[PDB]
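Sequences and hints are given; from them, build the entire structure.
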Amino acid sequence: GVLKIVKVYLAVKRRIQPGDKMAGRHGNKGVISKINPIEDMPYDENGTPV
Amino acid sequence: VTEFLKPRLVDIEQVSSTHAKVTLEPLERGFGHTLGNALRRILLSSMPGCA
Amino acid sequence: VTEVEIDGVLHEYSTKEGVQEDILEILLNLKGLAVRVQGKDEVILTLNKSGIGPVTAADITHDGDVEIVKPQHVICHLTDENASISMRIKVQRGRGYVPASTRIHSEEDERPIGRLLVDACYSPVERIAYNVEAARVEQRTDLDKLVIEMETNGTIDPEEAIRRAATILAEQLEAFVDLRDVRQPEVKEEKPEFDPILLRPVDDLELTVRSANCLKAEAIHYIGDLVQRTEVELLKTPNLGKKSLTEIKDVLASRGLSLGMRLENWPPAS
Amino acid sequence: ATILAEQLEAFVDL
Amino acid sequence: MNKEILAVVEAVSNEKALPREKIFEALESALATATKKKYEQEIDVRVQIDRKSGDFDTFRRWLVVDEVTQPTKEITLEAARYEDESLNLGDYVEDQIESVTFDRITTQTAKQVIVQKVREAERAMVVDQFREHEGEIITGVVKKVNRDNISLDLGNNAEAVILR
Amino acid sequence: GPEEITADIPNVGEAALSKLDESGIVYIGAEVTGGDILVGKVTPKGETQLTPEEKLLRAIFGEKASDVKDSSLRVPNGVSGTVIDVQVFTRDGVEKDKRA
Amino acid sequence: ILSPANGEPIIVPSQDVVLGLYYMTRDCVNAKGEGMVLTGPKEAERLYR
Amino acid sequence: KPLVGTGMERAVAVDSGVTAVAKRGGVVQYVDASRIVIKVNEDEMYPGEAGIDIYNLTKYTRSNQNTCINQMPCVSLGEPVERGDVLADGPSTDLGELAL
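Residue numbers (the deposited numbering), protein chains in the order written: chain A, 1045 to 1094; chain B, 5 to 55; chain C, 56 to 325; chain D, 221 to 234; chain E, 1 to 164; chain F, 846 to 945; chain G, 490 to 538; chain H, 697 to 796.
Because the hints were derived from the structure by calculation, they are not lab data. We put the beta carbon where it would ideally sit given N, CA and C, even for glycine. Heads up, some of the hints might be wrong.
[What the hints assert, rightly or not] Reference listing, derived: stretches of chain F covered by chain E, where coverage requires no fewer than 3 residues with Cβ under 8 Å from a Cβ of chain E: (1) 846-855; (2) 898-911.
[Stated by the list, open to error] Under the rule of at most 30 Å between Cα atoms (straight-line distance), these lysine-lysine pairs were calculated in the BS3-like manner: (3) H:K697 <-> C:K125; (4) E:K3 <-> F:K943; (5) F:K943 <-> E:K52; (6) F:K909 <-> F:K943.
Shown next as structure tokens:
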């Protein structure tokens, strides 16, 4: 006895942010810990950051 | 807007009359380190005096 | 770019029969676009294309002040024969970087479902390397010639960016070039009580222009001087029915005030 | 601060 | 519409105590509060639903007094120098019309008003009927005993009390 | 009585209704926020009135407005998001919705 | 700071900080600056920075 | 694509179902953001049944763990594909290689 099953869908675009869980392919799991600005990060002597 | 946030400091503490601890607030999201670093590198090396 | 709207789209997660890339890829590419504007601080560009072909940057309808930096920047690929894409693009100027959801200000922005919010990532510099070397100067040694190499979006000009950054740095340094006890906190303020609406004119209330000319023709331009306008001093106006009076009572009084109050604060400044 | 401002002098325009 | 409230009043089998005049005025007041809940311009909008002629149609009150409190319903003794009002107390108009009627809240408030009014009217009817019966020996069922006085029920929700 | 997915809601304002269509179900693409109402379905609330003199009234005047109870479907508070699709399953006999 | 189980200090610098100090408090034989004389720790700190 | 892979990407991608593998080879008559229309090569089709086949790529659709699955068509237009090739990368796949 059900007349109108209305399913609604919801799409959320979840960006990365501190606290999320990232891991390589060698069990080296870890938690993202700070969204450091682009400049503060180390950078190679040709300018390209890491 | 390309018009920044200049600080409004709160304290200039002067313990021992020759060893000061200044504070500044606020700076841009990255200006803190840049100003601190420039000032340190200047004061340590490039600062005319006498000895 | 900071905002886009296409005709057939209802949300960035949709599709559009005819374009190869999905909507989200079009958003990413648009974000990848690089452009300079000169006079204004925002602009609304338009792109209309129809027929098979790679829809690229230069194929937009540029104005006189907006200037694309590189044409072959691919936006999408119209692959069906009679496919048509007509989109509007709000491109604004700012500082630094800002994500999408952090731009929420009201609900009218999201009112048109066609609104799509690309996260603005505008920072004309992409990578900045530098290094020093010994400068064979006129007469000294160990004078250091500094070289700065910059990979940028062709948006900002090298000397332009250098001098802008130098101005920023010099100003921010000037904040304590003469540092002191400038500490801010103060107390015991005496504030002009009148609400800023009173300084503003009638057109700062979203009223019908007819009642605007009516209160013009009945000696009302400010708002602190229409509150000094008795209730009998309003309807005498040439041709007030109820509608112009509706706007009057709505955007003058019904928003909190009266249709004329015997106040004695104004003028504290005029 | 003054020494660095003098360093920069030949760049700013205000 | 006029068909709606026509069916309303006519379907009322107890139109005796609820003739079309007072019924339609009560419905005017019901629609008044209904639109006042719809609008934010809280103005007592007496309707004059045009009892037998036509559909509904709204008005606007103006609460004539030297106070400009709630100016949406404020036009004072002579702050209506337009249209040759020639009015001293009660200067009102139909400034707006066509407030929705098929909604939920209108029907709910109309039902509430109608139940209240029919119960009040038939209570008055029964009270007058027993007023005719006054000075007689009337039976009834007791409702609630209190030390000082007793509340008796006579049927048709008719109440009586007997003191110490 | 069976349920109804009618757009109208007795208590909530147009603000909580503006995101809806004439059929109650949200437009495909309206950016919903937490707590908001997707639908849009009210329920038969009351019982034991047993007043035919009013039932007959509300047989013609209130069979649609007798026992409303807004057991709508609201987005669980906390989750935002864009609506991108609305699937509808109907019990035959009942024709369809305009959305359906 | 003393674990109720054993009176040993429970707050011990475990890793990523012990490495720092251990690298700092080490001694490369012929490094830049060997053989000087320093007028106080702050002096040597200024020298290193 | 992951830079340092183990060669197993082709298998684990194709042998899954997430990638819409081309059934019968032919020429890409018509691509689109959601639909692909492959005109079969003149041989591998029955005598009748002009049978120009259509791959309907499932757009954004819920997962059993609430993750969008979207197949974008990785193939260009007019390029000829053989039997059992890749025509639409599945979720977290690239050019028919498992791209996590």
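message: Can you tell me if the stretch 846-855 of chain F counts as covered by chain E, using C-beta to C-beta distances under 8 Å and a minimum of three residues?
response: holds (count 3)
- prompt: Are the Cα positions of E:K3 and F:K943 separated by 30 Å at most?
  reply: holds (28 Å)
- prompt: Can the restraint linking F:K943 and E:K52 be considered satisfied, given a maximum Cα separation of 30 Å?
  reply: violated (36 Å)
message: If you count the residues of the stretch 898-911 of chain F with a beta-carbon closer than 8 Å to a beta-carbon of chain E, do you get 3 or more?
response: holds (count 10)
message: Check whether the Cα positions of F:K909 and F:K943 lie no farther apart than 30 Å.
response: holds (19 Å)
field: H:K697 paired with C:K125 [C-alpha distance capped at 30 Å]
entry: holds (28 Å)
Comparing the model with each earlier hint shows a violation of hint 5 alone; every other hint is respected.
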